[PDB]
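What follows is a single chain, given as structure tokens, in the form deposited in one PDB entry.
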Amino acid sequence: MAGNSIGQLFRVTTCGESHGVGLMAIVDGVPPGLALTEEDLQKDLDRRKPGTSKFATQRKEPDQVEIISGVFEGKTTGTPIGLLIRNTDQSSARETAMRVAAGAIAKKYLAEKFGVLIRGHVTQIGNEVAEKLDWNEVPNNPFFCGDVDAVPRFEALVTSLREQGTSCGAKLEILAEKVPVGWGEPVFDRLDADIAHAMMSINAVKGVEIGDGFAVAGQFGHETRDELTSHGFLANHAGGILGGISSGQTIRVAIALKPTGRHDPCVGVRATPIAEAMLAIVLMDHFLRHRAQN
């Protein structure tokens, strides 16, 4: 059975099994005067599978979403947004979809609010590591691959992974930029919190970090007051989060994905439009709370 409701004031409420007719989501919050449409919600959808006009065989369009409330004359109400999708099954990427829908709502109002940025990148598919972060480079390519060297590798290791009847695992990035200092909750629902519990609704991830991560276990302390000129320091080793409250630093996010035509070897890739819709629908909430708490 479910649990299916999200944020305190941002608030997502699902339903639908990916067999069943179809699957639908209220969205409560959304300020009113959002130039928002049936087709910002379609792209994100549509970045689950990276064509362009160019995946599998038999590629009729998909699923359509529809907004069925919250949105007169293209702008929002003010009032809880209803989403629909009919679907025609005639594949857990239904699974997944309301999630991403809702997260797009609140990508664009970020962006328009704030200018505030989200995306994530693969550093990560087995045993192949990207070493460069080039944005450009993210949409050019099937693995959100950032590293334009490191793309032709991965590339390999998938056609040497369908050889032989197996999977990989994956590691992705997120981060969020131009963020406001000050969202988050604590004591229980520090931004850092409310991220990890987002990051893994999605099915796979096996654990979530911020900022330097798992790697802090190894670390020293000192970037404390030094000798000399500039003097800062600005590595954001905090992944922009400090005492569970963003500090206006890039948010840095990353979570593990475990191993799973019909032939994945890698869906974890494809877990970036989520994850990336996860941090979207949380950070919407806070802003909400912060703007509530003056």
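Residue numbers count along the first chain shown, from 1. In this text, the rigid core denotes the largest set of C-alpha atoms whose superposition between the two forms falls within 1.5 Å. Compared with the form deposited in another entry:
- After superposition on the rigid core, the Cα atom of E39 is displaced by less than 2 Å between the two forms.
- Superposed on the core, the two forms differ at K54: its CA moves 2 Å or more between the two forms.
- After superposing the rigid core, the Cα of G232 is displaced by 2 Å or more between the two forms.
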Contents of the next structure:
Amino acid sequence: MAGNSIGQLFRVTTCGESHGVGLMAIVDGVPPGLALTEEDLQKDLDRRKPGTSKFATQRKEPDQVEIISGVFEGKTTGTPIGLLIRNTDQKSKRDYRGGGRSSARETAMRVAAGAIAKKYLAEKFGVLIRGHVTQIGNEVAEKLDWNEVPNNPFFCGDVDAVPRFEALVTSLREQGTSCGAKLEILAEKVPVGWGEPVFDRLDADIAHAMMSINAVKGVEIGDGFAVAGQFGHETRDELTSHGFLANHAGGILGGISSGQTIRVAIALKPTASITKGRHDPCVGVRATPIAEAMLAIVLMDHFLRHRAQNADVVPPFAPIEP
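The form deposited in another entry is what I want next, because the block you gave corresponds to the form deposited in one PDB entry; please supply it.
Excluded here are partners and other molecules; the one chain stands alone.
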């Protein structure tokens, strides 16, 4: 029925049914003094729906999230933050409808919450966390231009691939199939040092975090499964070589963050058409916004767990941006 909590010092606890009254989360351990309002959160929530009137037949409002506690005069107070989304199900106030869930909702509370972790890490450490689709069934995108990713509806970073992607889905929609997908999410500028071992390593906790996303059948950090093929060397005493900081570890070594960008990828499986018609076909490209929140949530928590461990902080000074 649930294991509705995730996180230890930055923890999120959620409740709520899609056929139910509303959704909710109580998010813990956010330092005081971070600027925060609904809109901050809603940009993250709405990103699950790419396009200014792209989809379906008619438009909805949609359904706005509210901060019930934990912020004062635009900034966090350090106390637990309450988040509410009163589901507006067409019935409030002999054939009036009901049955259950249309549930982008199952993801609302976590996305909203991540939006907070997300912001704090940008605000404080200048951490960028963004993801993008790299594969849709038999189509792959090989270039990455971040500016392009919000242009198309596949969260795709290769302008050349957007059409091939747009071609495929079009077919699958009217052919009636659905296909797998591969998303890569990156965390740029994560301070070295975060992650607790053996058991709660940053990767370990990221994997567990990402798997909470339905339909994922695989998580891999860095080079990932490619790794089984590879033959080992980082270091030998030699005259000429190709550098180490092409990440094979993807930002995490031995459980701890290394300071280099953190690269994660997830694989989502094909879904279903249950019965009018929206036919997904890859409804797994929508995961991206929420892939982003999971990574953020783990990241934020391990930040605190790491701060939690110290009297004063030893080097390094390095390029300082808040």
